[PDB]
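Just the one chain here, laid out as structure tokens, in the form deposited without the partner chain.
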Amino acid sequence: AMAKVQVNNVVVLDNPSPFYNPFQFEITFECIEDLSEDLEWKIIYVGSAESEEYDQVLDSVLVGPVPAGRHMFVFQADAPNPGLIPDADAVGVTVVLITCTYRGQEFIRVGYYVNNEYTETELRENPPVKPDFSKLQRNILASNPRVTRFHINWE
């Protein structure tokens, strides 16, 4: 009846930072009952709100072993490939997702809004025709974690 894993916290490290900086998350979870399989964690960058086609899976890791207990790991993943991001979605708000999957089933989804912005007043007001990602600051809106759990089969 009870979910064998619950995620307790996520801390967003090294934020704000350049767009090119790796995403770095401290993730804390409790296992109330020994797992026989690995936990699969993903960081997914939403390249474009309009379409899921533009998702970038920044990394996918298998975490284990998972005996009952309180666990933490730091999940780091390289920044997205700007060559796949639509110019119009580059500057402004998007989302990054952290996801966990057990035996092929996603049981949790943590979302953060991400504001990508120039910091130079010249650029902010007169932004480049094509985005300059070397000059964009990524600000993950860490004070507002959005958390969604899903009922899965833990057997």
Second form
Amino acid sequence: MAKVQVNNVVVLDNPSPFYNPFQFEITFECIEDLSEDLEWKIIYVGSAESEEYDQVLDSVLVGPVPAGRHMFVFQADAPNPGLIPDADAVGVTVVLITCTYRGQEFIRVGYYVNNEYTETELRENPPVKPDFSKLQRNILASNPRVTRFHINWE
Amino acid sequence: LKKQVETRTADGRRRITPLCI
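Mind sharing the form deposited with the partner chain bound? What's above is the form deposited without the partner chain.
Complete assembly follows, chain above in first position.
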């Protein structure tokens, strides 16, 4: 059906400090030489309230993509705290990995991210202003939400 | 990996050339 199929996503350096870059080791396979590059994005949801707080941590092209099975590490910078609503800073949100071909998204892998203080003192009494230097990010890598879209591969 | 090859597209975009399995 679709020329590209994602075989697996391994979440590296997890858990880790909120400031560390996201590191995904992706494995996907191409059923037939693509004429263009694949475009991958890592999107962090600052708040579920509005998409207006989505942060595209990074956008990269992968290519060339000859038919076969392939693997690469998609690394991106940690979101900018200054753009994250205080109330959504500590707790759970989501981070998305999407892939698009010829301007059309065909796959999207969402993960829940849990940002908590490891320091029991702070966990008991969280500061009004979230302290991201002391936050730990735990990508819940066991339960990935995979959504596939039907696009025109030409 | 991270012996991974990345270049810039003709128009300055980041591009990773994947490893073949």
